[PDB]
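A single chain, nothing else alongside it, follows as structure tokens in the form deposited in one PDB entry.
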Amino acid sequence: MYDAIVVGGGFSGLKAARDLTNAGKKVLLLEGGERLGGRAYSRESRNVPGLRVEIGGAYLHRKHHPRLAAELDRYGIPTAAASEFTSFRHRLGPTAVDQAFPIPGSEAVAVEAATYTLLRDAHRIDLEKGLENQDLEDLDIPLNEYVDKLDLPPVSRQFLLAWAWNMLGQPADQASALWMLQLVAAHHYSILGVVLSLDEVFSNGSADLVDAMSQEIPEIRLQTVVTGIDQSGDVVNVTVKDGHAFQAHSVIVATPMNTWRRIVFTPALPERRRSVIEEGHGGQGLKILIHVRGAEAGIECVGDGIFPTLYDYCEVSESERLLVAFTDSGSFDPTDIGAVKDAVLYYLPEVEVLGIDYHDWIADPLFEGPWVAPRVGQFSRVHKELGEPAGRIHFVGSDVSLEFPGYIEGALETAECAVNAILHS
């Protein structure tokens, strides 16, 4: 008999189980994998021996994320300022200049006018409310259709389409404008603040903060896949893959949105929620770490190819480096090494590919998707309630975060609300 059972051992699960234990509650953590952290995946490189690489994500903003900075200050995890870019090799047409802002002086008027349209539509969205309660049905259309409404000149059009396919991790025909404007609204109402918010990085990786949080949790059961949560009786029963089952008064679900459908809930989750969970969000984001030779430090290649963004990651040696590429799993196939070469040679012909390192998050049964990006029409119907508790069962994660979706801060912010509901209720 536990006070709370936390399903999942990610940043939401590691914080929720820890904070409840400190109050005096008997907490059990159930992780279905062989490791804790989740999408904060920090391992040794498959390409280079003795090179610690971030498969998930490290980048962060100190003033943007106070809770994340509070955890760094608590355990003493140091953060250094993020690397800047010096070299630029874009493929945004012949009239584009190769620098930080590739937009020519001819487009300046139209970009200025489009900035207003993008900001105004984003300023409509309130972060404290939901994407369902603000009459934002007119903004939930395919991204490519919404981008054409701006009628952007060649360079500004493709530059915005490249970063959107980076950030959302889904092509313009699949991506929703509402979620694109949500990401603007989430980043202090700023279209530039989506990219320029990469202020500081994890110096030792996410692994240091993951292990430090796990140290203050007394009971963790690894390789324990939860297949169902049942709150029939007076207490909530949690059943597991391997037969067994656990029981607790309250239950924390700290698993990604695309994995909730694999869990049988009794009684079933509210009708508003049901249908979107079964089909899942259209997050197909793909991150490949290319091991290269003949590449300089601080290159940024934002163009129009199958790799919309290809830029510098870290130094391997004197000549060898790592380039990080962003695309989607549906469009690009990472298993074709010839397709990798053709994508890199599109931006840098002199640079040769030595190897690749990635993780297929959409293929993994414990995630079925990387970070949150809804399909056209999903979050207009239900969004706020997806992270709102149903009985004794709480739903947390970066997928349900209203303030910072798809960020480590969002994982800690949502889990904090779940702990507050149990202790003060």
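Positions refer to the first chain, counted from 1. Between two forms, the rigid core is the largest collection of C-alphas that superpose within 1.5 Å. What changes on going to the form deposited in another entry:
In a rigid core superposition between the two forms, 81 is the single residue of 264, 109, 337, 81 whose Cα is displaced by 2 Å or more. After superposition on the rigid core, the Cα of residue 320 moves by less than 2 Å between the two forms.
A movement of the C-alpha atom of residue 220 falling short of 2 angstroms is seen between the two forms when the two forms are aligned on their rigid core.
Superposition on the rigid core between the two forms places the CA atom of residue 199 2 Å or more away from its counterpart.
Show the other one: the form deposited in another entry, since we just had the form deposited in one PDB entry.
Just this one chain is shown here; partners and other molecules are left out.
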């Protein structure tokens, strides 16, 4: 039996396990899959032999993501930007300008005013309290309704909606305004910052950091799916799909929120958590790597397409590239390549699609979703509580970060807190 069992071998689990180990605790890490890293998943391209790609989490910004920056410095892990953006091919209407910030002068006043309104609203959020504890319910409404009250002209309206679609992984009618404002608050109260945090990538893949961290973790079991966590006795018992149990004084749940509902907790989790847990969050983010021919380097496209964003990812050859598109899996079927072709040619009518690569995170039983985003009304009912301990079971992960939810940084942050909580008695 162990001081602590960590369930899940993403960045959160890995951090918690390593740090508890270095503190002299006896730790076991159980990972249900065949690999470590979770929603950070670098691997060989399905389309391009010998090419390493990120199929989940990839981007970081050292200034918004200091714990991650610390990890990188700690292990000497190189980063860079994946591409310079120099060619802008927007679909925002005839008055848009082809630049990174495509808003024309005739919209400037409208943007100014909306900027003030969004940031005012964002400043209502205190990041330590939880979204359900601050009288923020009036903001917990469908994003499209919120944006309708800003009454933006066409370019700025579509620009904001596109990036919101991209970033939340939900269409505007399903996204919560409060959640959009949450991401603005997490970026030091900045709208710009949300998109500007796409700043660098791992030069050798996320696996670089995953492997570094795992090297400091003495006991790991892969292919070990936790099905049960029972703290009815003096010591927590963790049952596993095989049926061969492990015991510890403390258990860290570092699996995705949308998979909690498949674990049997004993006793049952506190009742106010239960409904949201059963439902799951509404995240439907979809990231598609697109192998193309005839694309110039450095393309960025933002617009009103079924892909709100489409931008440069990497050089394959003199004539071939990968692009990345974001949409959501409720709106778009990535296995309909004809659809892919249509969505790309909308922005880039000269380009030929050669193929696509993605991971169906929502269909994967180890995840049941991409990154976190609430359904409308969820997190103004319960949010902080999701990542609070239930007796000796701690809940960590990006999904439950108050400080940086949906980011690698949030995984690290939450791990920090569980480790400290465990070290204090």
